[PDB]
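Here is what each chain is made of, one letter per residue.
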Amino acid sequence: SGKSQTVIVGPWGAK
Amino acid sequence: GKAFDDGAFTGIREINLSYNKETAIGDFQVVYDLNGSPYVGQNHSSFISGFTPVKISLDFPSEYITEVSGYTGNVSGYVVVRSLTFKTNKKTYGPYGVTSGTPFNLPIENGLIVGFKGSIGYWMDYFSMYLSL
Ligand SMILES: CO[C@H]1O[C@H](CO)[C@H](O)[C@H](O)[C@H]1O
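Top line first, the protein sequences correspond to chains B and A. Count the first sequence with the entry's author numbering and you get residues 4 to 18, in order. Count the second sequence with the entry's author numbering and you get residues 1 to 133, in order.
Hints in this document: simulated from the structure, not taken from any laboratory. Any given hint might turn out to be false.
[Claimed, not checked] With a straight-line cut-off of 35 angstroms between C-alpha atoms, the simulated DSBU-like cross-links for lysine-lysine are:
no. : chain 1 : residue 1 : chain 2 : residue 2
1   : B       : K6        : A       : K21
2   : A       : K55       : B       : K18
3   : B       : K18       : A       : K87
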């Protein structure tokens, strides 16, 4: 893939 | 609710949110930093009205979030984000909304919040944060 990625934490809230 | 995803940027300059002391968090919009210039994120509005607006203006880049915390809970049958608190290296903003339900907190020892995604219908249903160095 040609899109950079980042760490993502969550989600908090509805399932 | 309607999902949204801002994506990752180089920092955060300003957070505009709205809440209701009886229900939860409503509108959500961020002014990000994009390589030294502000980038105005798309406004993510609640399906309804009656909220109290709040403007959290950070002295970027000397001031930056070091902890996000809040409460999730049931509102009219829906689990939503009832409250949010943003703590910086300089000051504490919030809590905004109702502090009841199940608490959550994300203290950051090293790194930065550079982006948000989530969903808003009547109230903020959920949300995630992008993290980077
Ligand atoms: C009252 O319903 C609306 O808001 C709730 C809570 O925000 C959920 O988003 C739901 O999908 C949306 O239809």
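Here is what the structure says about each hint:
Note on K6 of chain B and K21 of chain A: the hinted pairing is violated, with a Cα-Cα distance of about 40 angstroms set against a maximum of 35 angstroms. Of the supplied pair hints, the one linking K55 of chain A and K18 of chain B holds, its CA atoms being roughly 28 angstroms apart against a limit of 35 angstroms. Taking the CA atoms of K18 of chain B and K87 of chain A, the gap is about 25 angstroms. The hint holds against a cut of 35 angstroms.
Checked against the numbered hints above, the structure breaks only hint 1 and satisfies the rest.
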